[PDB]
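Below you'll find only one chain, the form deposited without the ligand, shown as structure tokens.
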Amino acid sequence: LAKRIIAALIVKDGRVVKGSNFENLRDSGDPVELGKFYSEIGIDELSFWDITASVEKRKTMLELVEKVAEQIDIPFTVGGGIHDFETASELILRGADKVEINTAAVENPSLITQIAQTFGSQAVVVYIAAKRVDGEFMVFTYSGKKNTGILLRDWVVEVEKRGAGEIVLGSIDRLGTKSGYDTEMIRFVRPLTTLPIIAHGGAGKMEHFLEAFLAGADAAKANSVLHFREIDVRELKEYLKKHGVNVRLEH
């Protein structure tokens, strides 16, 4: 019931892609050190998205999650090309709390159920990329390249039905901008599901996070706005608490 702030990190070959501005770190491109620091200054969860080339990817992702699990005591999610149960399983067993799936879920919705059977619904995060097409919200796969022709309304309901634990709602209309979260999209989805909704795409200033929670998001995920310190994590949580948002401060 508390709202969560989630730092998302894009990684490749064990490096934070495009790095970060925290000059206090020994290595500002080290995902484990950056992730650890984030947990120490108030981030509620981490999210890692891997884009390593296929031949080294499996091993690279497993090394990342094991290293992260050692140094971090907050929940974390891993994703990026997770296409089947076996891949999801190895990553959870090696240390991840949750996996994030999108394209493979749309093409085989029972993948949601198979992962949840073994690891519980809470281990399954479905990322839904959506955008407006002829006045309707539609689901997009393959990093936004493909219009599936599936209505957002229908996919959300199916996703909960198949046993997902959380939904990340990413607005292609906002990704790569700093104009704010897609609050209209979040409000559209909120009454359709009982699952936690994680907002993603468009974060630019602290007020955007307040707007997102008002819209009904249970968590807010953000990338470079945090890494380049356009927003400060502690200021953000102080700001949100100040304006009525239930965030956590202090075998």
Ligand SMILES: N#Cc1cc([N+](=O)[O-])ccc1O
Contents of the next structure:
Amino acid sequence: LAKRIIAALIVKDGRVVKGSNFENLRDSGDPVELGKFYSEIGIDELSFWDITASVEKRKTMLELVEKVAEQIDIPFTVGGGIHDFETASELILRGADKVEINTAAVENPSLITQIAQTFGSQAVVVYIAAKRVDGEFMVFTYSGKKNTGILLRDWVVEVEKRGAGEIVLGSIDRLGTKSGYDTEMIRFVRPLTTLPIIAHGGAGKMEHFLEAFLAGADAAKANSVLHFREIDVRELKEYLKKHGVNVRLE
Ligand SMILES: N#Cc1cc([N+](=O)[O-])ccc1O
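Would you mind giving the form solved in complex with the ligand, to go alongside the form deposited without the ligand above?
Below, the chain from earlier opens the complete complex, with every other chain and molecule after it.
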């Protein structure tokens, strides 16, 4: 099917961490207004990652999803510290289409199945953070702090078996570098799963997205290259379409 461009917003206390360069916005740090604007210029989905302190986090994330769902019509995912079914459930019911889990899934893979049994596989996005270690792709948890010793290859297969709907494949080797998506890692994972693969980490220019889709990604997730306007969403989709990639032009 079509390839998808997904804008990722890191949020804290209801604000976009580090804001954006869209001077047309009344508040370029408002994640609702920014998300709405992205939906109007051709982003396919949104992804919110919350890093609010724990005393206010639960209510803060629920307020976010409720305000977002009112304003946008495209799918969105919420994540950041979702550790159990009840937390995932309250966020979906309040408006999110999908939840994104990582550390809690690795520690308890049945969490994937629990959420999927009530909300469907299509509501469960597993973020897999992976890095090369001694020549093998290994899975990392706790914001990259912990080498689990689980092979990427084995965790991909288990994630699909447990009922996840999509995988975000984040390359710790590329996060924050603007040097390109980790196409070798994407090509490594592609034959191991039938699920949609969302590339994350390393985006710096339009050609990087073409490369990631040639590697077999179904979607590409990007952050500051969009918010700081190093890449324009409408230029990006026109570029991808020109070179043969099936993207939706609204
Ligand atoms: N979506 C997302 C996302 C997830 C993680 N993460 O699961 O560490 C980090 C940054 C992100 O933008």
